[PDB]
Amino acid sequence: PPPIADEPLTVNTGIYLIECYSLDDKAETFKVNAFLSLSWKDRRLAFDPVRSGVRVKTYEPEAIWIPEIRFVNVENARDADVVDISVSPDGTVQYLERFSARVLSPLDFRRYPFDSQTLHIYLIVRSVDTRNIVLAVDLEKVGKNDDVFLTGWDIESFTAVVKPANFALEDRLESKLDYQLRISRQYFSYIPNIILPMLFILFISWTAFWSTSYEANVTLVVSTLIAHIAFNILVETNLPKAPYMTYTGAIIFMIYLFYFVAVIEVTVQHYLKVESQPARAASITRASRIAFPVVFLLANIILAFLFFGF
Amino acid sequence: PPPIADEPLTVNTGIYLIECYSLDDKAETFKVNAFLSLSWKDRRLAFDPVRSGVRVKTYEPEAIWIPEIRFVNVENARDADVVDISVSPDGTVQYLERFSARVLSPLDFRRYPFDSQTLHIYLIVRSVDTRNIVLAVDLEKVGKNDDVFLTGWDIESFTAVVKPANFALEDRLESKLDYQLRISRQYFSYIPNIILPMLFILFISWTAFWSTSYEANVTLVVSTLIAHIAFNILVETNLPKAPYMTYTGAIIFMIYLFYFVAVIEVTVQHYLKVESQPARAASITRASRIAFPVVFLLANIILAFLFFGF
Amino acid sequence: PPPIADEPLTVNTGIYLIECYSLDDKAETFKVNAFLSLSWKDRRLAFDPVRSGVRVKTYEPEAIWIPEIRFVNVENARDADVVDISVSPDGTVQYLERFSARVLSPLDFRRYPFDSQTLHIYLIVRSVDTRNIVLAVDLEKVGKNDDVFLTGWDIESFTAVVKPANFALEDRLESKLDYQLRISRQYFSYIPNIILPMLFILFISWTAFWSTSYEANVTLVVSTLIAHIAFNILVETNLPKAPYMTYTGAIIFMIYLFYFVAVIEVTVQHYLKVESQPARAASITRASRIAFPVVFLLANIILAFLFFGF
Amino acid sequence: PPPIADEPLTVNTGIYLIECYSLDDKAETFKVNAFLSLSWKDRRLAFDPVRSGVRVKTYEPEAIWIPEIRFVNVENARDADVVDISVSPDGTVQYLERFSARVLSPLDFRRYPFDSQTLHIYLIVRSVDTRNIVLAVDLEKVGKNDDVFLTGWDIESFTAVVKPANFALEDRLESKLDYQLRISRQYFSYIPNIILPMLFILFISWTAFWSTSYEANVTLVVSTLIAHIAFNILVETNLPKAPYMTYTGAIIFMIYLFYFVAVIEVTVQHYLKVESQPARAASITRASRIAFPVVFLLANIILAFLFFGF
Amino acid sequence: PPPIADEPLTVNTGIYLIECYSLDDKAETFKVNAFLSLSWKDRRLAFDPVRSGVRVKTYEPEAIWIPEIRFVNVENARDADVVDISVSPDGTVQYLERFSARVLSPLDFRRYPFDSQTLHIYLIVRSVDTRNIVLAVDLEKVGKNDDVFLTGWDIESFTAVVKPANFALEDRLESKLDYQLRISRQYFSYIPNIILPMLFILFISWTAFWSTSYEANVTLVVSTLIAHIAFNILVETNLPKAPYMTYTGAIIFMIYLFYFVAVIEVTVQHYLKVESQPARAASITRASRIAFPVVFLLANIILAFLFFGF
Ligand SMILES: [Cl-]
Ligand SMILES: [Cl-]
Ligand SMILES: [Cl-]
Ligand SMILES: [Cl-]
Ligand SMILES: [Cl-]
Ligand code: NA
Ligand code: NA
Ligand code: NA
Ligand code: NA
Ligand code: NA
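Residue numbers (UniProt numbering), protein chains in the order written: chain A, 50 to 359; chain B, 50 to 359; chain C, 50 to 359; chain D, 50 to 359; chain E, 50 to 359.
Hints should not be assumed to be uniformly reliable.
Computed footprint of chain E on chain D; a stretch qualifies when at least three of its residues, placed anywhere within it, have a C-beta under 8 Å from a C-beta of chain E [what the hints assert, rightly or not]: (1) 264-277; (2) 298-308.
In silico EDC-like cross-links for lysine to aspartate or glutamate, where the CA-CA straight-line distance does not exceed 20 Å [what the hints assert, rightly or not]: (3) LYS190(C) - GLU219(B); (4) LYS225(E) - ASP195(A); (5) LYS80(E) - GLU77(D); (6) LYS290(E) - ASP164(A); (7) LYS193(E) - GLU219(D); (8) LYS290(C) - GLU219(D); (9) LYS190(D) - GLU219(C); (10) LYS212(C) - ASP196(D); (11) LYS225(B) - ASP196(C); (12) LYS322(A) - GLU324(E); (13) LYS225(D) - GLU324(E); (14) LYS75(B) - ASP203(C); (15) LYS190(D) - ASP220(C); (16) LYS322(E) - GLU264(A); (17) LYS193(B) - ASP220(A).
What the hints contain is simulated information worked out from the structure, not anything from laboratory work. All residues carry an ideal CB built from backbone N, CA and C; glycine is no exception.
Model the full structure from these sequences, guided by the hints.
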């Protein structure tokens, strides 16, 4: 039994995160636990303060018409819990439910682990005989609790995009609001834990340039290679899967390339040394001791700018 | 209390994906979150616009007969949410529920990671005293939302196969519709991440052909073999299990074969060298330097065509 | 209010798999999704075709007495969905529910991966004041849909054991039916993927018999041993846990034993060589080159016959 | 509306395992699927066989008072299914529900994998105006079905501790029964699969005592060490986490200790050999060949007795 | 229909843990299973002992007004089970529900594995027309059962912070109580299992200082490095992820640094030895034999005090 007038029905909305948690780099989901507040005018139940004697009349949710507001990108849907319904005398209604759901918002890993992310929660509502339109009420949207935390993330802002995106769908108007939680990573623990050790084992491979022992050099470059892969296995947990070209793992790919040309160089210095041209081998080796770090530092700089300064 | 006439009851159907997600290579399932729209004529509740005054009369789902449409291939069944029921005056009914479920559609991994897939969602309905037949209404079947994404997949099309497959079952006619979501993989991130490093460590093994040091050669070919398996462990996540003959992993099997014959060759060049026939050893080695890459490039071509050009 | 007569109540039963899936080697469970059909005579609701005018009278499940048929070996119990209830005029009732559950059927891994399995679904019903007995109706038991698949299994048959096992339990008769789904594995993908590479790395270890270099030989046999264990880690997923003596893994245990005696032999050839008896060392080595493969092929044959030909 | 008399209300109880499954060494839980039978006198509904004509009067659970029996150590609580309620003429009531839950019973891993375990299921009931006391009825407690199995365990007994533990709690008496399922492990598959290979790779390390090659010896002892850790990773699944001092893993710790002193000995024999005291090196080596196995066999015996014979 | 008077409504509260379990270092959650007791005055249902004849009048929860107490930091919300409602004659009500939930309390890993933790459970209640305030009743808050256990933790205390934190929220007063479970780890099993073996493999690397064999030394330091990473993979389960600077893993980072400078030193002693300055190499080596352990023991002491003595 929807409210009736010549105007489209506006429904004021407001999310308020009590807790957010379980960001899931793999499923691209994150759980949330929040208030939802709806508010809309219904003159059919507008009432008299004086004859009834009360400032506000509460109602059970079964009793009166309530718009079908729905989340769009939510798996584990319909976890709801009505907390309050308060009808104002002029017929404005104030609905307030607690809810929680696992939202599905895609993440972009290209600048990992310096990425920022912007999680989304959509709300549609579908029209009936009246057209229906949602819109954000900022006093009740200010959705961060001070206590919200994503471990390993700094939480920038929770705000709504004030203009609803109205559109046709299966022969009805539908109105969709977009709430956005913005976050950025706590990278620094990764410097001690991921980048530095990989670099150390790479440098250990570069030691081979001061050796002429082909036996010591294969044992060097190849044993550091095994160490490299084993270490990559060790941190496999902090290197989430993407079908796209990540920053980390561009530099990883580049590191495997350095293992390969280190092996090429070692093999060359040895073939050269056995073809009785020791001067060329010692020159290629003495050269590599400068060449390898430098092309690395350069390729690292190109690569950083390509992802960040671009 | 089903509607009655001399004709079989046609029920118009339409799926509309709001979100699809959680494709699961292991369980061969994927979650979906969509509209379902059913529509069918029931003259028993056909009514008068003039005497009742309204263009359309909505009903609670308990109130009137509703066909038992059911998904066939769905674990985590019965996640339903009625959104709209609108009865036209001629007795046509328009049902619209939001639902989500994890569909069970088998995947074919033979051309991984260049595979395309075609996910399926079936709908049966079972006959009563009236025969019953489902059929697809394209205006409400156009099921892709623009926002649907399978991370790492390009989503080609969501369409329904318009002819229902009617058939006897436990002494009743049953009618089954087939909706099909079509997808194809985002392979390219795999070239930097999977294929190139395996190739580099294999080439490092081929370095042994320029060495005559049996000590350096065992250390070479066998340490690169350990590196190879360790790397395979590293990418174990991106190589899903099949009971059948995959393209990748045909080439992987072939790589293990190349490690084996490299070891055979190394051992031969060394036994030959100790039997005082150094010319045969250096000829077998100098030969291997061309033979190995070439049979590889050839075997790779045969293998590519066998899977793709066949 | 159970039906009454001087006879024990027979209830005709019939399972019909629509889908089976998620065979779980670890939990020894598998999910299923099927029809259940019950059928039994109740003269109390037998009725007149002529005075009532209809061939069959349908009933809501709340309305009439329905036997408590129950699955025995089912975790995630009670996922039910009544589809049809049709009462015949003589009082026979035809019940038909769709259901799904995860069945608990033990698997036997001794001949893995050439094993066949025979999954079980039990049905008990418990007596009241009337004795009660289940029995299988083959027209509705023919439970395979053509579309059922267990990925990596060929599905032989779905049949029921026609004689119920009646027995006393907590002072009541109980009757239990046994339905059996029979399957056999798709082994062949395992030959390229598991057996051949293990064999290659073992043969690489046998290469040591053509070397006299103790340095090269320890590096050989022990680096192939590390490769072995790393490879075992790689295929750890396809080697399910058992508390019993599996075929695969008998041969695996035997492979570790071959690494051990290869190390013993290498060490012996070297101690012999340093005790200035080179003729014994070269004889033991030249002997091993035949002895190792042959005792392997023999032990493999004994072992195959012990598990298969026994 | 509880039954009233001058006596405390005794409630006879009885669990009957239909299936037990999913023992979880990690969460320290195990799933169960059983009957529960309650029985208690209620003269308020005692009735006349002659005037009513029936030997037993069944009731719907809503209709009559039923004690709040509750499991204590259960996550995934309240999975219930009433099967029977039968009231005797003198007012004794016989309740029977099927249920399943995941019970939380701590495991003790100190003698793994020769451990036995004793799983617990508690039942409290809380007092009202009448005091209330549970007590076990053995005819309906005999809870094993013949078909119960924990894969890899032998199931000794399912019995109840007949004396309830009554106690004050939040100003009411509460009565708690303790049912106990007793089990012991199937260790033997572990001898081929875990213990023997670790021992083989350790013995391979001991081979170094017959070599004087410091190059061969480091390659030996350290490559077997890497093999060891890799093997430990391989069986990581069968070595469950404890915050306490396990038997296995005492012996593992001891094995790492043997790797360490083998390295110490090897380094010593080599420093001695370069300080031109070859006699002391060859004596320390020739000594180690007996010392290492023996201190091992001894330490293994001490360690076995400390855990088992103590 | 809330109780009315000129005063704010105080609601006495009390949690009582029956079981706590499944502490989850990864999700930073832990499950709990407890009593909740609410108590508050409602004169509207105050009653006469004499005219009604009973000391206490029990009520069904539907029948009377009950405050909306709610947990704040709880995923898997609303697992409730009313156990008792007892109204005193003066109108005080005594509510008692059993519940269980997975609480979300952040953990601090900086002093792992010597950390203590302090888990939190919050309770808000929201005001209506009356202001509403929660407060803790210690006789029913004494929440530890003697049987509570977190495996691997010693459980210090379960207490409540007696002063509620009242505050404005969405135009209502809200009152929030804070219950705190305090725990501290069982570290000692980690000394045999994690710290000692890492130290052993590190010391094995330090053996290289008594060798001048560059072949033996690369094989030494680098093979121990691989061993190190493999071992880190073995204990990866007991080293939970943090975005911050942990104590363990500061020492791990420092260990990787020692591998790196051991490689540097080895390479230097070898380049020095080939530049025909053997005295500098043997001095740097003989120096390292004291320098490495000592800077380690010092760095370990600095690092211990920085985390613990600071
Ligand atoms: Cl050399
Ligand atoms: Cl050589
Ligand atoms: Cl040698
Ligand atoms: Cl030596
Ligand atoms: Cl050297
Ligand atoms: Na890992
Ligand atoms: Na993996
Ligand atoms: Na694995
Ligand atoms: Na593992
Ligand atoms: Na691991």
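Original post:
Within 20 Å, alpha carbon to alpha carbon, are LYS193(E) and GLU219(D)?
Top reply: Given that 20 Å is the threshold and the Cα spacing comes to 12 Å, the pair holds.
Original post:
Between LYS190(D) and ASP220(C), is the straight-line Cα distance small enough, at 20 Å or below?
Top reply: Cα-Cα ~13 Å, so holds.
Original post:
Holds or violated: are the alpha carbons of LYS225(B) and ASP196(C) at most 20 Å from each other?
Top reply: Roughly 13 Å between the alpha carbons, so the hint for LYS225(B) and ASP196(C) holds.
Original post:
Within 20 Å, alpha carbon to alpha carbon, are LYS193(B) and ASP220(A)?
Top reply: holds, 16 Å
Subject >> Hinted pair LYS212(C) and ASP196(D), Cα distance within 20 Å >> reply: holds, 19 Å
Subject >> Whether chain E covers the region 264-277 of chain D (at least 3 residues having a Cβ closer than 8 Å to its Cβ atoms) >> reply: holds (count 7)
Subject >> Pair hint outcome, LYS225(E) versus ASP195(A) [Cα-Cα no greater than 20 Å] >> reply: Cα-Cα ~14 Å, so holds.
**OP:** Confirm or reject the coverage of the region 298-308 of chain D by chain E under the rule of 3 or more residues with a beta carbon closer than 8 Å to the chain's beta carbons.
**Re:** With 6 residues close enough to chain E, the hint holds.
Original post:
Is the straight-line distance between the alpha-carbon of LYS190(D) and that of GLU219(C) 20 Å or less?
Top reply: The hint holds at about 10 Å.
Original post:
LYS75(B) and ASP203(C): Cα distance at most 20 Å?
Top reply: holds, 18 Å
**OP:** Below or equal to 20 Å on CA atoms is what counts here, so check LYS190(C) against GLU219(B).
**Re:** Distance ~9 Å between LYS190(C) and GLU219(B) Cα, so the pair holds.
Original post:
Holds or violated: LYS80(E) with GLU77(D), Cα cutoff 20 Å?
Top reply: holds, 13 Å
Comparing the model with each earlier hint shows violations of hints 8, 13; every other hint is respected.
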